[PDB]
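Just one chain is shown here, as structure tokens, and it is the form deposited without ligand 5GP.
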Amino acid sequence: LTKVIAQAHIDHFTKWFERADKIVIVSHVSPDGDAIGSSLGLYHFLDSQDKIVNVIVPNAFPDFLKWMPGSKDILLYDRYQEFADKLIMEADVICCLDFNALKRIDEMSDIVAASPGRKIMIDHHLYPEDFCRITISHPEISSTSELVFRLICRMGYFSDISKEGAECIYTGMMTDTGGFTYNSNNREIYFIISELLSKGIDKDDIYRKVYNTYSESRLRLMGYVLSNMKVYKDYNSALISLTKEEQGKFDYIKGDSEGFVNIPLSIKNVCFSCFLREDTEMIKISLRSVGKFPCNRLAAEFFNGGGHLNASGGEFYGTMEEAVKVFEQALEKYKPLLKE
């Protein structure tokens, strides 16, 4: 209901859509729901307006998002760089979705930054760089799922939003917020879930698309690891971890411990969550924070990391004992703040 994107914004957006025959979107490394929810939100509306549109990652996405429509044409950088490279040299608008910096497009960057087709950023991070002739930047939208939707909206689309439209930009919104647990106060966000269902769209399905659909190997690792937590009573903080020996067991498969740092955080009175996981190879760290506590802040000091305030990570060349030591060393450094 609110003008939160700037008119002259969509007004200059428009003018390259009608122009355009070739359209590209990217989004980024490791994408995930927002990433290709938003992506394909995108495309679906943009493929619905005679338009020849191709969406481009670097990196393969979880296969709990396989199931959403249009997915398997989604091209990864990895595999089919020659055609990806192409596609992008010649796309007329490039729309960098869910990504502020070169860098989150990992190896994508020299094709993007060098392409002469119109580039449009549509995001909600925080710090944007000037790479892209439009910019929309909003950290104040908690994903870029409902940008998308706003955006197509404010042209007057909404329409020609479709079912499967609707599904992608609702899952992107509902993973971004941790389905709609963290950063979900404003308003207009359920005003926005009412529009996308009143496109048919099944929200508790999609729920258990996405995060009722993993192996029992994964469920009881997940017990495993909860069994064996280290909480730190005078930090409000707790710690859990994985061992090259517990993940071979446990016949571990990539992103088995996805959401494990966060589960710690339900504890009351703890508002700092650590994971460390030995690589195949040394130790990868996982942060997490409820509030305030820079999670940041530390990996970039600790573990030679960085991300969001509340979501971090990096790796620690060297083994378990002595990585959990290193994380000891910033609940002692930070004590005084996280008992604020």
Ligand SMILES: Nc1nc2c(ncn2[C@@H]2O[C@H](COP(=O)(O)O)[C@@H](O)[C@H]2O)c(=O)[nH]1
Contents of the next structure:
2 protein chains.
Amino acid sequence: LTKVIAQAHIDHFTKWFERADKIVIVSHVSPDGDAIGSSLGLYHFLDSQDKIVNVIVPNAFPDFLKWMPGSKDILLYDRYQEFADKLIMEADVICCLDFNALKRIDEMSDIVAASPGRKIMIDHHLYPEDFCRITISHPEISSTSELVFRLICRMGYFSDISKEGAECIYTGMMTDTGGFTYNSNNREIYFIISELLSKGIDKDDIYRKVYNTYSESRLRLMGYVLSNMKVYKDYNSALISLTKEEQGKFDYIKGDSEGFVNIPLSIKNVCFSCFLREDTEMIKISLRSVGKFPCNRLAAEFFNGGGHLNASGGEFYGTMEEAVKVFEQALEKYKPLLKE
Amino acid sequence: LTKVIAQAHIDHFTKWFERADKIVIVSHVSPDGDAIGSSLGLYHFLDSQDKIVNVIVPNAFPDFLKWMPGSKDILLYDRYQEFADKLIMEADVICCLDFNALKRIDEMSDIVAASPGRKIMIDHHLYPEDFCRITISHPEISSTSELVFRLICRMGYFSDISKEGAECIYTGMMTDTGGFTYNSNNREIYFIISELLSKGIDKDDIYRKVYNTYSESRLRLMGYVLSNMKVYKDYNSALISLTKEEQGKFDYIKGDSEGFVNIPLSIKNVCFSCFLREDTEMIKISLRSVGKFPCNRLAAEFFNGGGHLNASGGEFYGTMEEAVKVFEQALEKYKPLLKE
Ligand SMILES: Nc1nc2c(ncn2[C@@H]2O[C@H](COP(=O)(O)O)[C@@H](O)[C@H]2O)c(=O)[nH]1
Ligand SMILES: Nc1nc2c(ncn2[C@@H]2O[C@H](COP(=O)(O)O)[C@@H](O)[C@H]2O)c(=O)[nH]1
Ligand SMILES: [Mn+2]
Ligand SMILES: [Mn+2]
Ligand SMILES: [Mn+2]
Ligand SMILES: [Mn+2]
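Having seen the form deposited without ligand 5GP, could you give me the form deposited with ligand 5GP bound?
Full assembly next; the chain just shown is listed first.
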């Protein structure tokens, strides 16, 4: 309903749009629901508009996202670099969805930066770089998927949004809000949900296909991590872990411990959650927080990383109680902040 | 938006409404989010309309529902029967929200049935009895909370719905859809969410106050049950359990194992989930299912109970592997259905 995107930007992109013949859509390393959804959504739109479109991500994406229309044709740069470089270098327009720093598409940086094709960035993360000639950056919006839906509507093609395109955009929105349980207080989100529903999607099904589909090993693996988690009541934090030794017990396939770092946050008075997953061999740190505790800050001040205010990670080389000690001092330092 | 409730019923209730001075609102035994929310919502509305209102439930309600505006004044029939009987017998109007059979308000049946006050039933469960002079029964709607919002709007008081009233109605809707993850595919649900948001509520907060607030003992208790659950891959079912012996280990307070029977349903190809919680002393059975497997049917054909298509329970007197055996034959019988 409300105009969030600059009408100017919209007009300028519309110009590139009609002139363009070959468009390439790119997203960040380790594509997540919003990354794949927003890109597949734009892809479907652009594709119905008599245009050559190719979605290229740096990496592989979760299996719970394979059911999406078009995922099969998403080109993974780490296995077809050659082909991709050609597509990228020959593109008229290059849409960068869901990331605002070239370092984010790690590996693809060079070729994307090198391409003479005009670039446009549609994102919602804070502090956007200026490598794109057109920049649609709105941190005030919950997902890239959502403003890809706004951009298409503002351009007058709401009617041209297919059910497949609608399924993807909704997935991206759902994902970045954890099923609309955080950063979803804006009314318009629900007007859009209602509109997508009118394209024929089954939101309840999309939900199950992403969150309620996975081996009994993963769910049991979870039950394990939960029993062994440690809760530092006075620091309002919590820590869960997994050694290569443990991973082998439950036959850990990559992606099992997903969303595990979140579970601890559902405890009454625990707003900071840490997950130390011993990488096969040193320790993989994942930070999550409800409220305003800056995870990205402790992520950089103790585990050579970064990320966002509520979610971020990084690695610490050593062992289990070694990482734990590190985490435990990080806690002692921020104990007063963790108290506010 | 769409007219779901019979304009006639609305007009008839409006008549009782203006004439009435003292109104009593009742809900089902073991009130859940929809029960407390829909009742507190109507209460707040009726109360702003210069009327005497009293919410009386047969039982105590979860603590994760205590934050709601007005819960403190909800009269529990099992501790103030005398007072309540007076309120009930003297009421001009008696609203029965979220149940359609007198047996549902177990204990309160007699006095409610005896009261000369005119009754109205607002519910969404299947097969409604006819003890109320006015009956608003719509199984096609996801919550009682939702059509209490429709009834108030149809009556022309959308503007008179307070933020407190809005907080309650939203909670009821969220609860009965498990955070809008099931039976929520209807567009209008989201128009209503958007409207409530405009009353000033913080849906994200309401969410955390109900689902992300509970001791580390409960979450750990869960991690335990999950590690020990059994999955009958070929029957597409799963079973989790808790003996009084176990409950004591994790210091089980009533309500800990809530929503536990659901967790197993998130496994890829497990649509039936059984929870045998050994009651302190014989076994408490809880059945849940995704899809269409009739839980209420197996609930009655093996554990002297009943309930709904997707959720229901009942008790089986004996021991752990005794209940398990029972459950295991129930499976063998319906193995072919569980296969479709
Ligand atoms: N700069 C930086 N960011 C990271 C690192 N690890 C994780 N992140 C950020 O945090 C998010 C992932 O959190 P995770 O899923 O690993 O718990 C990603 O979106 C990513 O931007 C890291 O080592 N360095
Ligand atoms: N008739 C009948 N219904 C039950 C019984 N136990 C549970 N239910 C139904 O199933 C729901 C509770 O499922 P639960 O939370 O115990 O797993 C309630 O709404 C209730 O109507 C029982 O023993 N008899
Ligand atoms: Mn993303
Ligand atoms: Mn995003
Ligand atoms: Mn109910
Ligand atoms: Mn209900």
